[PDB]
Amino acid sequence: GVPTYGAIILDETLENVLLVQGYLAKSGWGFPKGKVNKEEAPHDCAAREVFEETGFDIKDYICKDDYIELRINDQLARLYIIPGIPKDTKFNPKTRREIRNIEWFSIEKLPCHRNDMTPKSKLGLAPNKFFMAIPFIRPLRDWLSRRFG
């Protein structure tokens, strides 16, 4: 699979993160990210995708050692961690055809797994509008514990 790069943007308090809402197959909330072009560097893909989806340029903020990276069905996804962005920042997707909304969310109130259906005696997971973000929440919390306390 083709690797994807993007960003976990936090506010000044480290309480809140920035999520984007897609359409159709991407109909819930996730971190801004996308597939890398041929010969494009990780950090440049990250800045490009985040800019298309939020109107915020992260080029001069990226720390090349500061990221979280997961494999998800044999696709690599790396999100660079960008702390200290004020909540009064104007965001503005370029691609209005891809992005329905942008909003800040409380990290402690976000879920880190989806719920089962054992109250109903049925296998699988109940739907969750944070499906795309969920895998990154627990790594993010641990990474923040370590780097800050």
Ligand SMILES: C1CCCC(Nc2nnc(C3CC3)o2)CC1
Contents of the next structure:
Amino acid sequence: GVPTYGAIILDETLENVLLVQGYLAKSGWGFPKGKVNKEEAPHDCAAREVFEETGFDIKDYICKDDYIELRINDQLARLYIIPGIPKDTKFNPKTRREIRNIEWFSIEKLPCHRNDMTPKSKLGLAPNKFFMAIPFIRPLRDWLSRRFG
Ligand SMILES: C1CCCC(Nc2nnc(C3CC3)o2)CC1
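The form solved in complex with this ligand is what I want next, because the block you gave corresponds to the form deposited without this ligand; please supply it.
Next comes the full complex, and the chain you just saw is listed first.
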């Protein structure tokens, strides 16, 4: 799969993260991110995708070594960590045909797994609107603990 790049934007308290809501297949909440173009450097793709989806330019704030990266179904997704962004920032997608809404969420309130359906003796996982974000939540919490504590 083609690698994706984006950002985990946190506010000044380190409590809240910025998620964006797409449409259809991307109908839930996730971190801003998208597919790398040919010959495009990871930091440039992250900044482009974030600016397209949020209207906020991270370019002056990217730290090269500060990211969480996951390989899901043999696609690589790397989110640069960008703390300290004020909660009163005006975010506006470029692209309202792609982005429904943009909100801050409390990190401690976000799920770090979906729930099973053990109550119903059925296999699988219950739907959760944070499905696209969830894989990153525990690594994010651990990364923040190590870096700040
Ligand atoms: C809406 C705007 C665009 C970013 C999008 N990010 C995303 N994270 N996982 C996926 C699935 C394709 C694998 O997409 C979700 C939020």
